[PDB]
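Go by the hints and put chains B, C, D, E and F with the ligands onto chain A.
Number of protein chains: 6
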Amino acid sequence: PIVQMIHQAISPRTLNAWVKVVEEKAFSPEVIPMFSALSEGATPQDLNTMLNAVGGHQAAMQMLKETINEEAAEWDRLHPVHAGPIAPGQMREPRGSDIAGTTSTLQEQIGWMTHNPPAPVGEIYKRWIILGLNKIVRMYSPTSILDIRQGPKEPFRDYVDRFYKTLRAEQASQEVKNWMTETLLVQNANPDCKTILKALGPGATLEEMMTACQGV
Amino acid sequence: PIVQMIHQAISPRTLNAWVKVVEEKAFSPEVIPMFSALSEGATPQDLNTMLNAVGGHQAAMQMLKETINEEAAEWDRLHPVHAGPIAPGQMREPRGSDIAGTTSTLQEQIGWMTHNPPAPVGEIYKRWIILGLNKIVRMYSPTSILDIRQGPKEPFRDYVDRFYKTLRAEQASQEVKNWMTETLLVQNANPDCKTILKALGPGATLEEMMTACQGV
Amino acid sequence: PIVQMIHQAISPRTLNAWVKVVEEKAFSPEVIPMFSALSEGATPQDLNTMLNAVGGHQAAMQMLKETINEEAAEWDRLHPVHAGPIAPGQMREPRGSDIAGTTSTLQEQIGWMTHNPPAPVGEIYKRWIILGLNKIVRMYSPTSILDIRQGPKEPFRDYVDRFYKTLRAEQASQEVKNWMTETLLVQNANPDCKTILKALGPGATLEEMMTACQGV
Amino acid sequence: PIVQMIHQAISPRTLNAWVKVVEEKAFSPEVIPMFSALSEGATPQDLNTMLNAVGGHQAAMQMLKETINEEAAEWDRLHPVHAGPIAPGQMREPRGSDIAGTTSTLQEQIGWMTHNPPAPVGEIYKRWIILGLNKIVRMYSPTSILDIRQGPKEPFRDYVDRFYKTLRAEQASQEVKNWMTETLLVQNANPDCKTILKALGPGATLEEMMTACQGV
Amino acid sequence: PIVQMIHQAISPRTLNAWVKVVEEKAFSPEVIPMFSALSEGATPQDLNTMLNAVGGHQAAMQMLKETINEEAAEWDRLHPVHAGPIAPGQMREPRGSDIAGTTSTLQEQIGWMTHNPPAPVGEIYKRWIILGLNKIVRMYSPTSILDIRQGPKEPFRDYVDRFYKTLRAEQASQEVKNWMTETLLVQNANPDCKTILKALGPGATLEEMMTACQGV
Amino acid sequence: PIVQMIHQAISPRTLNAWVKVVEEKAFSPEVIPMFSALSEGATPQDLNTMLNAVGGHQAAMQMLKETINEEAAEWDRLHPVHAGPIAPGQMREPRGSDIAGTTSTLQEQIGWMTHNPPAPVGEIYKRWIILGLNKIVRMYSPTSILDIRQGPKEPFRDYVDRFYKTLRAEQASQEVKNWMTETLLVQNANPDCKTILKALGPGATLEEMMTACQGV
Ligand SMILES: [Cl-]
Ligand SMILES: [Cl-]
Ligand SMILES: [Cl-]
Ligand SMILES: [Cl-]
Ligand SMILES: [Cl-]
Ligand SMILES: [Cl-]
Ligand SMILES: [Cl-]
Ligand SMILES: [Cl-]
Ligand SMILES: [Cl-]
Ligand SMILES: [Cl-]
Ligand SMILES: [Cl-]
Ligand SMILES: [Cl-]
Ligand SMILES: [Cl-]
Ligand SMILES: [Cl-]
Ligand SMILES: [Cl-]
Ligand SMILES: [Cl-]
Ligand SMILES: [Cl-]
Ligand SMILES: [Cl-]
Ligand SMILES: [Cl-]
Ligand SMILES: [Cl-]
Ligand SMILES: [Cl-]
Ligand SMILES: [Cl-]
Ligand SMILES: [Cl-]
Ligand SMILES: [Cl-]
Ligand SMILES: [Cl-]
Ligand SMILES: [Cl-]
Ligand SMILES: [Cl-]
Ligand SMILES: [Cl-]
Ligand SMILES: [Cl-]
Ligand SMILES: [Cl-]
Ligand SMILES: [Cl-]
Ligand SMILES: [Cl-]
Ligand SMILES: [Cl-]
Ligand SMILES: [Cl-]
Ligand SMILES: [Cl-]
Ligand SMILES: [Cl-]
Ligand SMILES: [Cl-]
Ligand SMILES: [Cl-]
Ligand SMILES: [Cl-]
Ligand SMILES: [Cl-]
Ligand SMILES: [Cl-]
Ligand SMILES: [Cl-]
Ligand SMILES: [Cl-]
Ligand SMILES: [Cl-]
Ligand SMILES: [Cl-]
Ligand SMILES: [Cl-]
Ligand SMILES: [Cl-]
Ligand SMILES: [Cl-]
Ligand SMILES: [Cl-]
Ligand SMILES: [Cl-]
Ligand SMILES: [Cl-]
Ligand SMILES: [Cl-]
Ligand SMILES: [Cl-]
Ligand SMILES: [Cl-]
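Residue numbers (this note's numbering), protein chains in the order written: chain A, 1 to 216; chain B, 1 to 216; chain C, 1 to 216; chain D, 1 to 216; chain E, 1 to 216; chain F, 1 to 216.
If we strip away everything but chain A, and leave its shape as in the complex, we get:
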């Protein structure tokens, strides 16, 4: 990575940690925060190191390439390159492939990120990676939010854990997710809790809802 702003290599355990996360948790939503955490201040080189260190899941890793390539092609389109000699003390304008690390050196990656003002190719690439990871998570989710329904003997707290887990891996803006909580959570609770929660009122908190069906 680069940290306050001097360069270092990705640490054995930063890397090892990332691999064990992909081994154990596969593509659960918490993989992405974990990724962003382990990749804080990372160069494209460091970012590629993390992705390529994953053996197995090559279907998903290949989808991640396709996504990265789309974002790179879009970048090139939005940022058309200008020809000419690059002056002294200046950098070339980074292409999509320079950002993804495939056609830039570590030195150029350091040159862009440390520049005044910075050309933050680490953060621009990390965006595209996470963008593509969100697709993989959403795709590899087993369940649909419509099918989470409280069982007759199920403690309310467990149903809420199922619901909000399944909700975490859905393709929905916050407004669409707001509506699912607004509509489905109370609707698809079992007849006992369902009637209890309907009596609380339309603007009731989760804490209030969850404590309402505590003895239930």
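Ranges of calculated distance between the beta carbons of each label pair, as one might list FRET restraints: (1) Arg127/D with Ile86/A: 24 to 30 Å; (2) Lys25/A with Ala87/B: 42 to 48 Å; (3) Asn178/E with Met5/F: 36 to 42 Å; (4) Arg95/F with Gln171/D: 55 to 61 Å; (5) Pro142/C with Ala26/D: 49 to 55 Å; (6) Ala172/E with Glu175/C: 38 to 44 Å; (7) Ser173/B with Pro142/C: 35 to 41 Å; (8) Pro88/C with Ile6/B: 24 to 30 Å; (9) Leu131/A with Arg127/D: 29 to 35 Å; (10) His79/D with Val19/C: 54 to 60 Å; (11) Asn116/D with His82/E: 57 to 63 Å; (12) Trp179/E with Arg157/C: 28 to 34 Å; (13) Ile86/A with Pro117/F: 39 to 45 Å; (14) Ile130/A with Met5/D: 28 to 34 Å.
Treat the hints as calculated values from the structure; they're not laboratory data. Ideal Cβ placement from N, Cα and C applies to all residues, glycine included.
What follows is chains B, C, D, E and F with the ligands alone, placed relative to chain A:
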């Protein structure tokens, strides 16, 4: 985090430690000191990293969002924003959402925390998180302090461990907790210890109480 | 902690280490050196972090509060506060509760410890903690030094291990402990070793005593 | 290694990590990113340390020597040495064997890498190592890309994992690999998925292909 | 410890390492190098931390106190204290108990060790500890060097391992140990190897001796 | 060690790593690179720490002393000491025993290694250690290179692993090892592979040889 005052990312093992605590201990009271310890000097980014790294317990994690959102809305209310261009060498006035990390950059978070005088959004956000964690702990507590009663064969020391554990997860100011120790501890001890402890006197220490029922 | 003299947070593994010690070894005497080691240069915040990180043993942890509170009340008594505005470049006079961390900030704790001359609230609080830990160790000791007696087939070396372990958790000044070694160790050895050791002389070393009953 | 640019030895755990990778994963493709990661900024000494630390697999490790020796001989050919005394504040022109570490000191390796402009023998040697590792990976691959065929009951996602894993260890330029995905992936899917995917169109994404055979 | 020369506390893992060594290996000779390694640059405080962290083996740990106390009393005898006020920028003359850490502060320990010229109380105390550890090792050794005799079917290499292990824990100057190797090693080898080794000559190396009885 | 050039003690885990290598791998050839890696920049003190930390294998460790002593005696012979007072800002001429650490201080070891120009006693001692380790490895090797012969059903790749492992622990200059590969490898392959490899030609690569007997 930020430490004496230069910025660094959350360490693999700081993060890993937090996750294992939420895995193993779920929401036992000692989770919160552990949290404050692992989050010493953390930015909102770092704070969000810790919370989002938790997969599972999404009922609780969702309650934590609701709490955070209430505190943010309250902040906005108490701190109404003033319009205008922000001058050179100055920051914008942070909103509730900038503090919670959702609408501020890492750079702005560093800008506020390092400023002269500082705008300590890390500590302001960490307050709200812990505030909301205390609710979760209190809610997820299995037992009520009224139901801790010494068994006829139970060594006094074990009863005190049950009592003060259950007391740790109660919604009570220190004065209310003072009263529970004052009243219930000796009251709900078994007839043998109960009479022993009544003979010691109303201002007797725990050490004195516990040693009084040692051979008992 | 603070170390040569700049501030840092308690490390994940410093903390984790402390917890595992309280998990595994409970309140064996070596807990206190371990504590002092893990708390070298700690602020009251750091000290509280360590104590509150312990879940379980709340009987003991509550005794530790009572002790801390007595020492704090005594401090307040010995150091009565003087009213007035605190001048520029100066600190307020720390109370008992500021030392214990409950009514002081991390900044004020750093302000006192780094001052010229220093107001070492970390070391003053660490004293009270260890003071109270010694009570817990002495209390939770299973055996009394009077009851350690060498068995007829017991190798002398094992009896000495029992003796000096039990001696380690006794409430005795060095002079009282000197006397126990002087009197009891040789007295309560078995008839064979007992007569052997009596023949060595009153000023004989442990090495000499232990090697005297080696073939015995 | 050398890092921003001062020298350090390879860390116990950097090394240990490399060994465990060669123990566990043998010569799976992800060994090479892992290698490049663990060898970021490494001197030839550090590079040799990593290779020689491997016991077992001496067939492969011997192939790696042969490859290294070919690249070194080629270097010598392309860079013929010029005789004369080396002036003050100057280095000798590195041979193939100086780059591979066998006939250069650690000091000379530091002298070349830190020079203005640098003579990056670490990166030149790391190239040859990876070059030779790619041969070993390609050689030790069990399966050929032509033989990956979806089974009648096989979920499409698993077939894609087999395909792109086997593709990762093939001797093929990106254009040749492009063609295999273009041709074989859809061709060698089972009759159900095969007809589904043919109906999508020739320019369909993996995501689209994989979701097309999700219920299939 | 103190390291190039600024003070730090003993690390969690430095300490943990020491404890695990005393747990696993008890008092095997390699404990002392391990000790010296883990105590490089340690203050008396740090040294005491290591010794007191050991629970169990209190017979041995008590012998270590007696030894330390003898060395301290001897120091006081050789270095009689001179009365008077200590001048500005000067230290008091350290007593035996100041060196052992019992009557000196951490600050005074830092004051002596960093002084110009230094008063190396860490190294003076570490001497006495190791002095006393050597007694414990020698005492707790199960076997005597006279009783190591090669068995009729025993490979020579195993007998040499027994011999030189037992030799490592003997009270003997290098000259006395030289003589044991000179005399006993070849004498107490079995009749086959014994006659072989006698034929080699009186000045034969271990390598020569060990390879002489390789097929034997 | 000493690193860019300031002194530090050997780390707990550097040491622990070395011990575990000698525990697990005994004296396999990869022990020596591992050693050189773990001893990069080590003082004689640090070097002795590593060797003495090994309990068990005292036959081998004693051979290592004999070797070290021969190299030290040779050094003394080649470097005869010159009498006189050592001037200000100058060091004494190091003897064999000063290099091996037995008659020099840590300070003098730092004085020699940091001097202008340096007297690299760490590297001079590390040479002798490795010199002696190579003898131990060669001695403790179970098999002779003449006895590695491919079995009738043995995959060629496994035979090459046996061959080049056994070759790694032989006393042979590169020219002698070149000849063994030149002669024995193809000679002692089984009749099928033997005839295949003879048809390839005298200058055929290992890769070519190994792929030639892949289907075989
Ligand atoms: Cl690391
Ligand atoms: Cl790894
Ligand atoms: Cl994986
Ligand atoms: Cl998944
Ligand atoms: Cl790759
Ligand atoms: Cl795969
Ligand atoms: Cl450029
Ligand atoms: Cl941008
Ligand atoms: Cl579900
Ligand atoms: Cl870390
Ligand atoms: Cl983690
Ligand atoms: Cl969890
Ligand atoms: Cl819980
Ligand atoms: Cl998230
Ligand atoms: Cl959940
Ligand atoms: Cl701003
Ligand atoms: Cl505030
Ligand atoms: Cl209970
Ligand atoms: Cl840590
Ligand atoms: Cl922890
Ligand atoms: Cl506990
Ligand atoms: Cl206990
Ligand atoms: Cl707390
Ligand atoms: Cl408890
Ligand atoms: Cl103040
Ligand atoms: Cl005081
Ligand atoms: Cl006992
Ligand atoms: Cl390390
Ligand atoms: Cl290792
Ligand atoms: Cl291996
Ligand atoms: Cl393989
Ligand atoms: Cl090697
Ligand atoms: Cl092998
Ligand atoms: Cl040169
Ligand atoms: Cl080049
Ligand atoms: Cl396959
Ligand atoms: Cl540590
Ligand atoms: Cl520990
Ligand atoms: Cl122990
Ligand atoms: Cl022992
Ligand atoms: Cl102690
Ligand atoms: Cl004991
Ligand atoms: Cl003084
Ligand atoms: Cl001295
Ligand atoms: Cl034996
Ligand atoms: Cl370490
Ligand atoms: Cl160790
Ligand atoms: Cl061993
Ligand atoms: Cl071996
Ligand atoms: Cl030793
Ligand atoms: Cl041995
Ligand atoms: Cl000198
Ligand atoms: Cl030399
Ligand atoms: Cl073999």
